[PDB]
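Peer 1: Kindly produce the complete structure, drawing on both the sequences and the hints.
Below are the chains, spelled out letter by letter.
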Amino acid sequence: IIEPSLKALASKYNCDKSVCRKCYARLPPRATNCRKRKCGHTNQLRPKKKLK
Amino acid sequence: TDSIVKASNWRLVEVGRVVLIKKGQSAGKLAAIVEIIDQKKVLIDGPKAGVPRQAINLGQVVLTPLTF
Amino acid sequence: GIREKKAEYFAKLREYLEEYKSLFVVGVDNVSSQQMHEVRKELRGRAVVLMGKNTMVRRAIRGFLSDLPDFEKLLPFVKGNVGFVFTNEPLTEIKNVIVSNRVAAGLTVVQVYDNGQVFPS
Amino acid sequence: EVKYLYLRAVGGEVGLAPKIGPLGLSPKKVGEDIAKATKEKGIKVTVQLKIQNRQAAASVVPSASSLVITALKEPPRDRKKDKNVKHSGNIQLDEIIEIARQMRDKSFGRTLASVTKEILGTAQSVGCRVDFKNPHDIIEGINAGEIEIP
Amino acid sequence: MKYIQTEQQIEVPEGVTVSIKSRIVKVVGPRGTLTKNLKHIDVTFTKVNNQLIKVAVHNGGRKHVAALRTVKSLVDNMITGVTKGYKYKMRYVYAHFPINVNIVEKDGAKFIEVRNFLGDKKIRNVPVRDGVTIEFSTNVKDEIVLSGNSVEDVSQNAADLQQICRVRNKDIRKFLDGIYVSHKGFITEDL
RNA sequence: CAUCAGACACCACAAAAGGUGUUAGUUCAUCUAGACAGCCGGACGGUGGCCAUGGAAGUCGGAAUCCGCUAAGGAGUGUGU
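Line by line, the protein sequences give chains o, O, r, P and 7.
Here the deposited numbering runs 76 ahead of the position in the first sequence, where the first position is 1.
Here the deposited numbering runs 2 ahead of the position in the second sequence, where the first position is 1.
Going left to right, the third sequence walks through residues 3 to 107, 184 to 199 as the deposited numbering numbers them.
Going left to right, the fourth sequence walks through residues 9 to 23, 28 to 52, 54 to 163 as the deposited numbering numbers them.
For the record, in the fifth sequence the residue sitting at position 118 is 118 according to the deposited numbering, with numbers rising by one throughout.
Mixed in with the good hints there might be a few duds.
[To be verified] Subject to a maximum C-alpha distance of 35 Å in a straight line, what follows is the list of computed DSBU-like cross-link-like pairs (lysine-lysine):
1) 83 (chain o) with 114 (chain o)
2) 174 (chain 7) with 42 (chain O)
3) 126 (chain o) with 141 (chain 7)
4) 8 (chain O) with 63 (chain 7)
5) 2 (chain 7) with 43 (chain O)
6) 98 (chain o) with 174 (chain 7)
7) 141 (chain 7) with 112 (chain o)
8) 81 (chain r) with 72 (chain 7)
9) 84 (chain 7) with 93 (chain o)
Simulated from the structure, these hints should not be mistaken for lab results.
Peer 2: Encoded structure:
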């Protein structure tokens, strides 16, 4: 029982992210490049994988 | 009680600034900015003060607070 | 085919200007396809509604100073979510059809233009 | 007197009415047999606009142009056994699909008979509608009977 | 490309007045006083009139003009925070353990106290900054409200509260229990 | 701009592959014939199309990939059942 009006906001802050392919950085979900300097600001991204 | 933004008032380049040439063959004369080229070069002319019409850098010359 | 569609727009706008004499500029905003389709079905007799890009109407009236310059007094009135109604009926019946019919709980007429002048109607 | 409106649907002869019309004071098993008097020609999948006035089941028939194009087609099937698609291509009806489609409440905002006769005559994906050609590419060649219906 | 001049226009409404000495910017209005130190950014303020202040950057690169635009954004945000003021609504997320949030005075330091988070025993404690008051919502269940002048103070206390309720060593998409920023509005009820 | 700066031949090393970090340039299309981004609405009708019919209406699945009004709206981009 999460009452999914509450769970949608949590998934905004915990699920709706993108993840860098080289440094696994938890990026905002519409980003085009990773913000870090250690992976050279790459463009290889992925959606953060949901539940099942 | 109002908007107390104070001055930050410079002297601007424009067409008609009178300038003091301080380096070169002139070296201390008056002239006037005729037509401004870019961020650094200008075009000056000093006809009564004698310096011929020529382009110059803004390092060789200093701006005076008079205008026309 | 962008240039040819814009040339088509110029051609049809010059066509529908010089054939009609009664103009109803309408301030229609956020109008639904349920309202608009019953406007397309109703006005098959006298009036021709023309919506579309009102800032392309800006350039269309920019280029139409040579023929009928009396349309010069319309670009300050193309401001807002407006469209055109081209008809030959001057004031009454078209304003009674557009405003009164199909209201729910934005179909008004904001400008009336007849042969050069503007009318409050 | 009250107003109840339902949209009954595809059924062969007497083919879940109880969940949709229980609150309108109508029957469930008698309402399934009350729709057999309309869609029985008309053995093709269509809709039925039922209008119950709070004390009886009074179903009407909705005018469907695609079902009218299917009414100018082959009806051969009985129930649950044709084993491939239960579909059949059939006769052209070059003028029967131009009067019946222009009389099905004049939908889609048509300003001509070649408009509705191509809207409900070029949507053929189960029938051929020609003797030596096909549909959906004859809208620019159908220029007959436009002044007759309008 | 070394832009020759770039400008922005800050609109100052009626009830407030700015006060800019060299880059020390105070804005005074119907909710109070705000100060901000812009000496680190090297932009030029020019009053055109009582309602409109033009800011400008001459001879600047690309990062310099970006700094100009965010200077405009900061000054506008102080002016909004002193006209209307900011108000963040945060609603809890809890699956089985109701998070118990109070405000206690520990030697005048005003800590927001988070208890019973996922059945923990660690009494989590958050400082409240200056200017921001914290209320609890009437007739909306399990909501906390931060209201104050500065954007950074209210928002930063909101984020510092949110990040005291992270979940360690779990699947952070299954255990979603935490305290989350729901709404970002103004103190004035009309706006 | 470098929380690994760079610095002058031989000479005391660094590469493929990347960067919405910044600066220029080439080509094409939109382009000033008000675009792009944002906000406010539409996002139709034939059509639950033909179907496998407990049920499929864009949406377990298959092939056709249409027309009219258009300013625009897809036999539909997923979700929901």
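Peer 1: Would the hint linking residue 126 (chain o) and residue 141 (chain 7) be met if the CA-CA limit is 35 Å?
Peer 2: holds (28 Å)
Peer 1: Sort out whether residue 114 (chain o) lies within 35 Å of residue 83 (chain o), counting only the CA atoms.
Peer 2: Since the Cα atoms of residue 83 (chain o) and residue 114 (chain o) sit roughly 33 Å apart, the hinted pair holds (cutoff 35 Å).
Peer 1: Quick one, are residue 98 (chain o) and residue 174 (chain 7) close enough, alpha carbons at most 35 Å?
Peer 2: holds (25 Å)
Peer 1: Is residue 141 (chain 7) within 35 Å of residue 112 (chain o), Cα to Cα?
Peer 2: Given that 35 Å is the threshold and the Cα spacing comes to 39 Å, the pair is violated.
Peer 1: Just to be careful, I want the Cα atoms of residue 2 (chain 7) and residue 43 (chain O) compared with a cutoff of 35 Å; is the pair within it?
Peer 2: Given pair residue 2 (chain 7), residue 43 (chain O) holds - Cα atoms ~15 Å apart, limit 35 Å.
Peer 1: Quick one, are residue 84 (chain 7) and residue 93 (chain o) close enough, alpha carbons at most 35 Å?
Peer 2: Given pair residue 84 (chain 7), residue 93 (chain o) holds - Cα atoms ~33 Å apart, limit 35 Å.
Peer 1: Would the pair residue 8 (chain O) and residue 63 (chain 7) pass a check requiring their Cα atoms to be no farther apart than 35 Å?
Peer 2: Cα-Cα ~26 Å, so holds.
Peer 1: Checking one constraint from the list: CA of residue 81 (chain r) to CA of residue 72 (chain 7), max 35 Å. Satisfied?
Peer 2: holds (29 Å)
Peer 1: Checking one constraint from the list: CA of residue 174 (chain 7) to CA of residue 42 (chain O), max 35 Å. Satisfied?
Peer 2: This hinted pair is violated, its Cα atoms lying about 62 Å apart.
The structure fails to meet hints 2 and 7 from the earlier list, while all remaining hints are met.
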